[PDB]
Amino acid sequence: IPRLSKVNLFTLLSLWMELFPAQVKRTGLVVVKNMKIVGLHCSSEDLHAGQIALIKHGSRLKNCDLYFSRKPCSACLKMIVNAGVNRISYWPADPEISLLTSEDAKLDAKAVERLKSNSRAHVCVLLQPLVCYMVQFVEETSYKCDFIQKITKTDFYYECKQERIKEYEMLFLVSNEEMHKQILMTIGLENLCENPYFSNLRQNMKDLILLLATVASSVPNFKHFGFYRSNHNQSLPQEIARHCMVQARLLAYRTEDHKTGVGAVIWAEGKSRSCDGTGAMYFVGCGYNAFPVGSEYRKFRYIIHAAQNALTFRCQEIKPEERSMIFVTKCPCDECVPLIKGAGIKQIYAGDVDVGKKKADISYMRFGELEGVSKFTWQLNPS
Amino acid sequence: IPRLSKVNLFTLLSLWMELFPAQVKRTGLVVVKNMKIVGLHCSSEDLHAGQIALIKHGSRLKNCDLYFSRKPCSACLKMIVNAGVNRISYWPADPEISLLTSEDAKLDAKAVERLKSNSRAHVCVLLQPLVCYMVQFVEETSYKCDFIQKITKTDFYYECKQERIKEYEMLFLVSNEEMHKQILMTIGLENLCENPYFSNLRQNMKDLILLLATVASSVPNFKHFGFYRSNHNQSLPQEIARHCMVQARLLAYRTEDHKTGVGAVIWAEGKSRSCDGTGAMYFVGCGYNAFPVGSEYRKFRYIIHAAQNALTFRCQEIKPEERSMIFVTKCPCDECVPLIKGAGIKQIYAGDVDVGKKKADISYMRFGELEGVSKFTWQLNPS
Amino acid sequence: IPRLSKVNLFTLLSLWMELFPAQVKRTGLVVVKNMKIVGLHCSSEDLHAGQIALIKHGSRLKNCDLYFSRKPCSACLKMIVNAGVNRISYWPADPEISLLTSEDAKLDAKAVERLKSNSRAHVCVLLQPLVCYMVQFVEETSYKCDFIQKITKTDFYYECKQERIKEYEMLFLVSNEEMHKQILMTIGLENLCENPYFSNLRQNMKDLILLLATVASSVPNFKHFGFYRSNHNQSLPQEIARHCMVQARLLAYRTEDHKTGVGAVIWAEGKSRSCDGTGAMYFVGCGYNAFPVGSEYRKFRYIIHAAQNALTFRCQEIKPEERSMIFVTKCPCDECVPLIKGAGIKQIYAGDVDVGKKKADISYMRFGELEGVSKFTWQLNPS
Amino acid sequence: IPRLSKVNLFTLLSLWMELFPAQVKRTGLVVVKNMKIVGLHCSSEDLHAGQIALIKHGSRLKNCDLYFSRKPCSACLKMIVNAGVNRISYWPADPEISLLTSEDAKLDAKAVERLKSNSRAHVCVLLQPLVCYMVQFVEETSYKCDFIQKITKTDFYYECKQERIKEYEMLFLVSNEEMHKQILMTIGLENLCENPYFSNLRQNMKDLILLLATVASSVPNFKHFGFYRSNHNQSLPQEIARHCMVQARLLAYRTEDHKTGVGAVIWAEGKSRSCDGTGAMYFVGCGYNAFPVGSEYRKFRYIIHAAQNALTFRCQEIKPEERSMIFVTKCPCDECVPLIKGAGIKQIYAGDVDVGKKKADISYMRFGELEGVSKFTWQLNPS
Amino acid sequence: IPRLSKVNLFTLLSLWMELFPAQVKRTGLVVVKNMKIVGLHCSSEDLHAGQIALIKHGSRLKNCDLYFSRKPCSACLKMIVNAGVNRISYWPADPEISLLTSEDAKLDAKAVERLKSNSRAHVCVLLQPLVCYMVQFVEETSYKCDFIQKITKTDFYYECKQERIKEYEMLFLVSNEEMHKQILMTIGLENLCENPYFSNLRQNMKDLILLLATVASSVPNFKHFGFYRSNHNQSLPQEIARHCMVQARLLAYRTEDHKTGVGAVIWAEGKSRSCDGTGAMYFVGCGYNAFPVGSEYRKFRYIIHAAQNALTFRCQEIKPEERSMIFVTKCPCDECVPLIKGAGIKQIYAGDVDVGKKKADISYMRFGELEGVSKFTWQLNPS
Ligand SMILES: [Zn+2]
Ligand SMILES: [Zn+2]
Ligand SMILES: [Zn+2]
Ligand SMILES: [Zn+2]
Ligand SMILES: [Zn+2]
Ligand SMILES: [Zn+2]
Ligand SMILES: [Zn+2]
Ligand SMILES: [Zn+2]
Ligand SMILES: [Zn+2]
Ligand SMILES: [Zn+2]
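Chains as they are written, first to last, in the authors' numbering: chain B, 30 to 51, 84 to 162, 167 to 219, 226 to 302, 310 to 375, 391 to 476; chain A, 30 to 51, 84 to 162, 167 to 219, 226 to 302, 310 to 375, 391 to 476; chain C, 30 to 51, 84 to 162, 167 to 219, 226 to 302, 310 to 375, 391 to 476; chain F, 30 to 51, 84 to 162, 167 to 219, 226 to 302, 310 to 375, 391 to 476; chain D, 30 to 51, 84 to 162, 167 to 219, 226 to 302, 310 to 375, 391 to 476.
Chain B on its own, in the form it takes in the complex:
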């Protein structure tokens, strides 16, 4: 099966983080340390994505790969290169200081280039072309996901997917070819301004947005479907729950071991005010189905599930007093439910498609009779 690239996932997550529900445009950000995500940020109405990462992490940004969805401003670049970041990737579309307006915006882009030159920071573009079968694979698996299939049991997917394609291309892409060349010249990408490198970057940029609109439509806003109980115990806002579930869906395409991909993400809600664009919520960990590191490949009994990787490679600890949520694309197995409950995760969001089913090596019986953790599943509103 096709496997999503690491730099393509961190780029896709950065674009998705820009769409977190809430002259200078919004910017998402992914902070990656040792090829593991250690933070997902968004630009609040007060601060920037590159400045929130400095507040949240500080000197811990040393030797970190930062993936912005817009080129960071001069103020936001000097602070992160001083922190110690070694790689700053960005989406080659309109930067943070909107060039589609100004003298200040155009002059600021020049300052970034001078700052990029005399500094050792690898401010570059890590965007990569996808595999030919990747876009077909994502569309095929999205229609079979636990969320589209749940609605089917109640044509709509393609209709909703087209709207996301329109919405995510007037936001993450410069439709005009002449406008994009101006931006690429202004942000120090002259070698990418000439064909076929201009068309290669543009095609791949459109290629990744199609994948994002395909994944984002797999957890759709449609006919009042959301995450609700089957009976803290309070549900998240539906916009946040769907956004965090798409993050798990994106991680599900990093799966390497099984033909069916599972991805999980852990989010916790602070009890105090926060400077991030996500609000009180912050990112705890993420993971996907994979073999143990080192190629440790009965074939399913040597895999680390999505929930287990999230609890293993987590940056922030689970605060007992806080409300911490986990978003698993599928029903947690009998192996992961004790770990999720044991780790102190208060709420579980998943798709109750495999619930109650016993297989040869995996079982989904503990999820249904789980006590102590609130389980929200994709379904119609009981009210």
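One should not assume that every hint holds.
Any copy will do: because identical chains look the same in the list, a pair fits if it lies in one copy or spans two.
As the list claims (entries may be wrong) - Straight line, CA to CA, 27 Å or less: simulated DSS-like cross-link-like pairs of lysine-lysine:
1) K117 to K252
2) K94 to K412
3) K392 to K171
4) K171 to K451
5) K452 to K175
6) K412 to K434
7) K349 to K117
8) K97 to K434
9) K468 to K294
10) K86 to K434
11) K337 to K468
12) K139 to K450
Calculated from the structure, these hints are not laboratory results.
Keeping the supplied structure of chain B fixed, place chains A, C, F and D with the ligands upon it in accordance with the hints.
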């Protein structure tokens, strides 16, 4: 004087952690990083020792030596090797999935062997033969310990020692040679099934259990003896206090310099629910008398006391809101009492034998007149 | 412009930490890791500076540069070298155990020498001579600082300067050459007892005390001037606020190339008891105006402000429930105010000379319109 | 079987290197890098052992453990601590500048002590007590060695051992307790001047000399026995061949889990002048019959032979123009002969006791018809 | 005493290497690894300095600081950064492709700037201002050097110094204000084109050429003075001997703390053809008087002499077949002569001013009767 080996102490502590007061058998665990204990776990009624370590530590298990008291199951082994552990030692007896019953257990043991070979971490047995004088030295010092000597002032020790020997032999040892050979064949120790490598392992396994029963009897349940106030402020359960004190007694035999060994262990009680087999309690730090690292050797003004090493080489911080207590085998000196009080440790458990004594380079006067820290000492129940 | 030496600042801060408001004398301490300050400690009436560092840091003292204001005692030296400190600088004045009295004091100093020889850590003296222009540069800038200039708007600075010169000479210096030679022979600096290496050390010691009394007088006690609100929300004690502001003033002289030096320090106040000599307050971070690490380069557009450096290279995290204070020598700019507010810093202490100004590349308009953060500025008491 | 310690072997080899045939006494030296010998030196009539190592290695002494047979003088110590050596072990009998005479010698020892104090090099004594069965094991295995058995088939061994004991103890040991007491006071070993540490060190020193005289006598100068060919190509001098064979015989006691021990050493003869005390010859590599660096568990099929270890962990390369010879205690097997011939080793010195024998997992048939390499075997002089 | 800076000495040596006797201009180069010189190169008539370093070192240029005397061309820069060099310092007077002529030269400079921008290696200028007493100190000591004093005992020094000042400033400096201003604009040094940074760089550049002309005149071509034998034996060409002696004379000012600074350099002559600008002659090692590294500090007894540092920190080995010679400013002591003779150095060049003298802790008696090593001393031609 004989000095306990590092791998022998981590093996003994793992066996002792299995006896923490509270198909698949209980397992103790010692997580060691940079030759320093950074966690003492036990198998809860819900989770496993290997899975609890993943929850408590996560990715911090990287480059860690884990000492189980039973061979971890395939589920627990795949997670810890994924986290990045370095050396998975285990007690070469009945594994976690009990072989003394089943087809599922035998298949699971095979699954570990395939995972052991595919993976990189060294799943080995670090059990070592004891020094010839070690067992005699341990018995000699245990009769002169601050707890047995306190009892005599108010023949019994050997009577209690024999009972522990019987109890710990039917638990940590396979008495039947036929049964043990089946286990060693099943758990991949084929080259330890033939003599003299079969009697060597069996003798050493029995040799360490004799040492454990000797140390465990030095803090005995006898004539309603426990840790009570000499007159939070609430005492720990007597089973927990004695268990944590034997941990300090085990560390006291790593004392390299001074003729009398003192060991200390710090435990803290969380205010929330926990997934560990020890309950709300968790391990903060441990230490013993030793010269400053790097062989920095009066001969007593260059020694780092047991309390000071525990405060120095501690994994978890002392939470001011939590109830944290320290178990020191001997009365804390006038040098360690301010450090224990200053660090925020709420309770002190020790043997008030040296209390009030004024030696040349060491004094025990500040312990008696200590304000702000609850002091529990080995004595009769006042009520 | 003159730039303060890295080891001269850590030496000056250690002397200043000894003056934190509250047989054995007080001792200040600076813990430096990777050339960044990770702790500022004083000596409480119960504990020592070298023992408080062990409590606050523990094993985190590994590979740390410790700058004491007095030579640590044998008890304090053995604990820090056990932790893993590599370099222990000290002020070559009277040590912690006062030699200006005793047989116990003189024997303890000899014990340190054996410990210093036996151990590996570099117990040395890093005091360095100042630049010729440095001493009058500090005096010139101090008279033009935001605090002396504020008073003049309401011939006095030199009277304060002389008083602190007298106060800091009878405290940090041994005026008698006979007494100092005895101390230097006792504390193992026998090669510094002979000229010209005896007058060189004494001259350097006098130059730093002259510089310290110059900086300390820049935030004077003249009249009723203090840090009051420009109408938690409660002000710090005036002695603490002035002391913490002088720390920022000392950091302001590490400014890389900018003509005007700005320094910031962040302090937080815990709600529980503490063992430190500073009380409940602990040190969060420090910084100064400087270009991004790696010598990055309109010239002001590529500089990291004092507040931004403090937020980046901070050891402790900003606890939302605690009281956090930042002391910036100049008025925070429009770049730093969102970061200080975003980071959760509850109170701002700063000057108000530049408030309301609109320069070309910098503005000070958001400070006046700041909501949610208490602002304290150098002014007379409104009451 | 008793396995010789690393620091005991490097100490034993340093003593043996002092006996290389050729006010200030001759000194042997072993240079160890990554626990592998990278040089064997002796004090020439012109230079010192510590100065020859600097010439032969230079900056390569960085992070190396040097094992002298006498405490290096001030000139030798300052040059090797400059190079960057890690540990400088020595035999605590009599330093290079002999104290059994002078004011200059006594003054120099004090200079070494001051140089040790202010430097970070671990100038220590790594001498360790032997295992109880070690001395008996060496004695019994020496009568069954390939060289004593050869003479037997043509009571003498004990007679040769006794005279070696007299010679080696008179040279490597200070017989007078008072005289040795003075030396340990002079060379900064006061803590070893008090019983039982004075008797422990003295007993351990005699234990290693007894072992050395046992190993040295195993390749005895009895009658006209030596290493002769079986009718370059010229034989080494018999004193050199016997000395180098004992080196290969001392390595034989590092054997890992194999009842019969095999050790190898490779020496090459330079075509030009040399500053070493060994003459034109230099040390190429050493190795003992042992398992791979990890574990390899028919059990003989996974053990690395002595010749293979020497060719693997060799410091100097085999120059085709030079005359290089290898000394192996046992006859090279059919597996090692192609490697020795292939590596370019010109001459082989061995014991032809098990030559021509074909065992199950090992054969010795290729040695008899080895073409291109001159084979010298322990035998009586043909003429 | 003033001490020459590291980056300030490697700059001086690079300029001096340009003057090695033999459109595009000759360029000297210093390759520095771990703050130790590992190569001195000059631009041959067929190759460039940056290309000879690649041939001589290859991949060993990784993590090396290269100090060119002219900015390397685009061809030379791309290969050295491909090798993995760390810093490329240069003398900001005129690049390799001379700008004082062309369109090709001006275009080439732009290519270097683009190459430096998108690459990672620090192409910077490490030139530093001299200490105030430095220039006077060198002028005073040079008149008292072994070579000026030798001629004096046979006013001239100042006359030769002025000629070197006239020659070296015409070559290493751009006298015209406008021409140097244009070059700094062309080579991407616009930040140094504005006062006072234009006058600062020009003044410091003049200070070093004055320093170089002062040192280069300390070994003058006055009358028929040269290095001739006191009583291979063949001497070097007088131009080469004087040039190599000035290298030693330059390192004499790197001496840690001695009024009598001593510097040494070792050179060897290959028997075959070479691509370097120095011919078959290549650089072996260099050194100066200094205390042992590691804070080491009868003061002269703990000083590693210039010859000893040269042998310790040599890069190339002393090949017996080649002709290798050492240049020491002072007469080798009785301690360094055995090491120079032992290391295999064939010839010694020195100043026989203090030959035969016997001080307290140093003697110069062994140099007079040194057999086996050819000795050449500064004297009049015996013909
Ligand atoms: Zn921005
Ligand atoms: Zn699962
Ligand atoms: Zn388990
Ligand atoms: Zn104590
Ligand atoms: Zn102290
Ligand atoms: Zn600012
Ligand atoms: Zn010597
Ligand atoms: Zn063999
Ligand atoms: Zn070139
Ligand atoms: Zn010398």
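Hint-by-hint comparison with the structure:
Taking the shortest Cα distances, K117 and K252 never come within 27 Å of each other, neither inside one copy (35 Å) nor across copies (45 Å). Taking the shortest Cα distances, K94 and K412 sit within 27 Å of each other both inside one copy (22 Å) and across copies (24 Å). Taking the closest pair of Cα atoms, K392 and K171 come within 27 Å of each other only across two copies (17 Å); inside a single copy the shortest separation is 55 Å, beyond that limit. In this assembly of identical chains, the alpha carbons of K171 and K451 lie at most 27 Å apart only when taken from different copies (22 Å versus 60 Å within one copy).
With identical chains, the CA atoms of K452 and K175 are at most 27 Å apart between copies only, with a shortest distance of 20 Å across copies and 59 Å within one. With identical chains, the CA atoms of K412 and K434 are at most 27 Å apart both within one copy (13 Å) and between copies (24 Å). Taking CA atoms no more than 27 Å apart as the test, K349 paired with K117 passes in both settings, with 16 Å inside one copy and 22 Å between copies. In this homomeric assembly, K97 and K434 come within 27 Å of each other (Cα to Cα) only inside a single copy, at 23 Å, whereas the closest approach across copies is 29 Å.
Taking the shortest alpha-carbon separations for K468 and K294, only the intra-copy value of 21 Å comes in at or below 27 Å, while the best inter-copy value is 50 Å. In this homomeric assembly, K86 and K434 come within 27 Å of each other (Cα to Cα) only across copies, at 21 Å, whereas the closest approach inside a single copy is 39 Å. In this homomeric assembly, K337 and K468 come within 27 Å of each other (Cα to Cα) only inside a single copy, at 26 Å, whereas the closest approach across copies is 57 Å. Taking identical chains as interchangeable, the C-alpha atoms of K139 and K450 lie at most 27 Å apart only when they sit on different chains, with a minimum of 24 Å there against 53 Å within one chain.
The structure shown violates just one earlier hint, number 1.
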